[PDB]
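Residue strings, one per chain:
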Amino acid sequence: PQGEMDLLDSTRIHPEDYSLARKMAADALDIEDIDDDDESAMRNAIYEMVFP
Amino acid sequence: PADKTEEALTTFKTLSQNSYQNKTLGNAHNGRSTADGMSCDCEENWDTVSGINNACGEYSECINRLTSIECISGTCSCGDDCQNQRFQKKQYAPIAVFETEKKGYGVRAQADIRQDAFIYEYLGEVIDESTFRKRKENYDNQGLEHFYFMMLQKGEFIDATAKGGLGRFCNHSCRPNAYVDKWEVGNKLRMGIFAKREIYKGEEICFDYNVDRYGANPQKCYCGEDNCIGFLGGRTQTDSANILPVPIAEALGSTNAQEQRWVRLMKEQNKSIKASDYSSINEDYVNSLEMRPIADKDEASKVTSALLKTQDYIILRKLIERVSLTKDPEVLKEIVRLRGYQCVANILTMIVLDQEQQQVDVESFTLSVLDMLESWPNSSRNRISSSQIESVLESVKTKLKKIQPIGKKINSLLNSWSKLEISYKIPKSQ
Amino acid sequence: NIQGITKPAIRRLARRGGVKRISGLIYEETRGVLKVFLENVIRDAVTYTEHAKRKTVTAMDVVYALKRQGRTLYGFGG
Amino acid sequence: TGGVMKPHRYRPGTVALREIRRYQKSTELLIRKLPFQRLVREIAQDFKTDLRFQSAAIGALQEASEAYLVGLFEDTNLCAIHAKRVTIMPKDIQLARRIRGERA
Amino acid sequence: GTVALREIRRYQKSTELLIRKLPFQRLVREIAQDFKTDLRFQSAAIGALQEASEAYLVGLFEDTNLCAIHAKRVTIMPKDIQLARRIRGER
Amino acid sequence: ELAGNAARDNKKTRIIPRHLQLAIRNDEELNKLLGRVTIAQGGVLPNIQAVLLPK
Ligand SMILES: Nc1ncnc2c1ncn2[C@@H]1O[C@H](CSCC[C@H](N)C(=O)O)[C@@H](O)[C@H]1O
Ligand SMILES: [Zn+2]
Ligand SMILES: [Zn+2]
Ligand SMILES: [Zn+2]
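Protein chains in written order, with my numbering: chain A, 564 to 615; chain B, 22 to 451; chain C, 1350 to 1427; chain D, 674 to 777; chain E, 120 to 210; chain F, 73 to 127.
I should point out that these hints are in silico values taken from the structure, not numbers from a laboratory. Misleading hints may appear alongside valid ones.
Said to hold, decoys possible - Label-pair distances were calculated between CB atoms; the ranges are:
hint	chain 1	residue 1	chain 2	residue 2	range
1	C	1350	F	119	31 to 39 Å
2	B	41	C	1417	58 to 66 Å
3	B	37	F	125	31 to 39 Å
For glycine and all other residues, C-beta sits at the position ideal for the given N, C-alpha and C.
Please build the complete structure, drawing on both the sequences and the hints.
Below, the structure written as structure tokens:
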């Protein structure tokens, strides 16, 4: 999930909204240890949401 | 006791050698004929006075003797009549039969026998498994109260009931002075009986049976040995299997070895440990248990299960102490996912709201359980909301308001927890 | 398929050398040294074959490479 | 009372010394043919593919590898005996290779 | 123990020969005498023999030190000498 | 010659690589000459250490 490639690069979402999409994905999975500034946890959450 | 040698001999057909149901059974290497038979490199040592070939003796370096294989004449460099032809030459030790108090006939040494010396070759009919089953059923129908079967190898047994030798009269001893061994003679397999120690004249010759009952009922052992297990059976044990349930025992860091050690140290030294039952907790075992930090999430799940199951004060004390030793953040996050706070609420309530103990000891417990609550990583009151343990903390600081260190620690704890939030968290449909 | 050199096989190989007891950690070490030796001999045989303008490695290349490493083999047409 | 007395087990080393004599008397290959062939093909794949390997080349490679491993285990057994042990350890393997010159 | 490390440090940095020249010369002549008599020797041949024998003995002592280290000892023994020679292949 | 003799102690009329390996390794000077050669299907001479044996 922390790799060079990105899940959202295969979607129509603009790169300026990648953190918005990862916050949506993290909040949808009922995670509570998540902080907005932690990009790594956001990427892990969206990876487990799209590719469980 | 009076000799019963001839009387014992008349009870069965005496054999000088093992008889075979067929030529295929009992063959060495599962019948694979090793044409390159194992020839010892010993040089023949003929004593010119007695004309005896002393090669392959006890203190000689015969490889075949060490490997429990007998030299065969005409194949080995040791020559004929070497000192490793004990089975073939039938040079049995001198023995007598005497009537025992409870075991019937038994074998005694007519002379003093050296260590590792060959006593006697166990004789019988070599039979297959089906023949063994048929004979076993027939003898059980006959009501015979004596074992007469030995396992030559897998699927191949030796029967000593109707035909055999004096070795069938040897009685079981739980601390035996002799032992049975398996040897290779030519392309065949033999079962001999050898002296485990120095045995004096008149002493009974006994070996460990190591009985495979094949579902038969236990038979009580009357050997008289102090280390007797009391029954004939290839296995035996004490309460050294479980003292506490497996998830609860592994929650405390205890395993099969630690559950063995406590019972071995006390029960075998005249101190009482009850029969296996987890309804009553033995506090002394839990206090004496060793504690190591947790670094595995399955062990954390077992700890959570133990918290949800065990009601004992002392087990919970030692689990909380183990958690105090534990400092791995991932295990603590797993406990949070398992809602450890929910279990800790009940653990508190049972001890400091219900009062089955003393106020000083409960105070020590409370000081020993507030520390890891203060220490664990926390990022959101959603964690606590799954337990509402703060309410329990308020109730216990209100009850033990006289003990001001507990009150001040709970003040610090609620102050720390109240700073938490969840920034912005998207509401979900309901 | 380095795990194809199974534990009983390497136990047998040690047993031919007269070894009575075997440590539990030795098997990875034997697999490594066998891999190193095979790597060297296979490399030399492959470049011998590539010089010979062939596409199939014959036994002569193997025996040549081994003899050039001071490990002369008798019985394969040397 | 139809039970069977068990022959118990051998001491550690007795069956070891037996199988020592048996394997030192016989001469067959001790490594299975097909896994060794696959391993040789895997090593050869790294340089240039489409390389056919005659059965005689694989057999010669197997014989050389077995001879090398047997010699290494003899030297490592001498090393273990020298250190008053009967169990060989990887440190004896490394030392044997060091003194042999194979490892720099 | 201190001067042992001092001797190691001094001799591992030096390059001159440590075997005395005249006894080695007499040793070479004594060995060569029993193969053929009235043998002459170039000085450079004796020097080459001295250098080669010193290099060989240094290598043997290094391998022997490894063997001694293996047996949890610090003192080298003759059994280390024949162990190193046996493994190295000399008879 | 040495290989035929070694076969003769084995009561065989067939010379095999095993007998050749026995003949080479049991003779000191022949072992010295053929030191660095491996005989295919020759096996190893039976040699068990003295302190390797039990007591
Ligand atoms: N120590 C012991 N106490 C009571 N019975 C024993 C015993 N050791 C052996 N036995 C009995 O002896 C049987 C073995 S056959 C031994 C000889 C036979 N009991 C006789 O006197 O003629 C076993 O099946 C067992 O039932
Ligand atoms: Zn012998
Ligand atoms: Zn003999
Ligand atoms: Zn008993």
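Practice problem: If any of the earlier hints don't hold here, list their numbers in rising order. | Solution: none
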